[PDB]
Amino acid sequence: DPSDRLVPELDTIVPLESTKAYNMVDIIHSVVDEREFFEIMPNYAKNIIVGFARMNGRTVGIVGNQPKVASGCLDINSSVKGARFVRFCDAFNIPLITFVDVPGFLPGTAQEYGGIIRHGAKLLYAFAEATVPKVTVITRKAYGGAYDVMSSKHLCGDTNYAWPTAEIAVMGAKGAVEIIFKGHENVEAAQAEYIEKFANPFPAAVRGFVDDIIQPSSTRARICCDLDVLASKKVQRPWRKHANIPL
């Protein structure tokens, strides 16, 4: 399996509509070697998909979102599952590949009463503690603090790549337009300006949030090069008896 092969199937995998959903396991199957993927606990917490794969003959752990079930939102089960998987991968020194498509945390009274804060903190801690080289790809969307939770650049991220369909925001544009102009009511022009200004990766790209914007058909090669350059990733941390995970 060549390490510099193109994937012409990924140019139209992500629909341009903001509500359309796609099978996100197909990207994982296409990128990895020999189209093989060993998925761990696939019947539980389907919001997030984790598993083991091989890239250029090297074992990597793959964690990604799933915009088909619950619109890709993460919750307690997804958080604990991803956190445990990432914890094992770092404990045994395996590089991580993250596929980010998240609109935020799923709201509701059940998730609020169950302690969604603790499990979100668990997953955030799992990504922030990790020291193994991790490569993150933002396919379409990253809204709210879920973007910073799921392997952001600031949390010691190594290389971040965004497809041309990527777009980062804070809160819904429909509420944003009506909450920004508190003095009076604005229609048509304000929404058009908002969707022409903030509905693009450019504000992130000029800010340094991502390294650059790559064509999807050439994603794999880039990732491979990363795994051949950041294999010497040794960092230094202050002395500590043991960590205190919010278990």
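In this text, the rigid core denotes the largest set of C-alpha atoms whose superposition between the two forms falls within 1.5 Å. Positions refer to the first chain, counted from 1. What changes on going to the form deposited in another entry:
What would the structure be for the form deposited in another entry, given that what you showed me was the form deposited in one PDB entry?
No partner chains or extra molecules come along with it, only the chain itself.
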């Protein structure tokens, strides 16, 4: 399987409007070698996807959001499921590839009473402490602290890419409009200018939060090359017996 194989079927997989959902497993199958994927916990906490695959013959760990289930929102079970897999992959020098499409965390009193804060912290910690090479591709939404959690560049991420359909923001364009222009009460054109200026990957691109805005048909060709140059990655961290993960 050539490492420069193109994937033109990913050019239009993401629907234009955010209401519809797609299957991240299709993207994963298209990108990886021979379209072979060993998925871990495929029937539990299905809003997140974790598994093992190969890129250019090298074992890689795949983490992604599933917009089919619960619109891809993170919750307790998905947080723990992703966190332990990420920790295992980091412990055994296995590179991580992340596909990000997440609107936020699942709201409700059940999540708050169950300790959603602790498990979201678990996932954020697992992504932050990893010293293996990690490559992140944003396919659409990345809102709020979830964007920080899903292996942002600011967590010592190596390479971050955004598809042309991506959008990184503090929160939704609407709610941002009614939270900024509260007293203006003339949001008819404010919404238009806000969506034309911020509802796109440019604010993250111009500040350097994403390395490049790539075409979806080159994703595999972009990833393998990175995994070729990050194989010798080596970082140094302060000494400790062990850290205190929010278990």
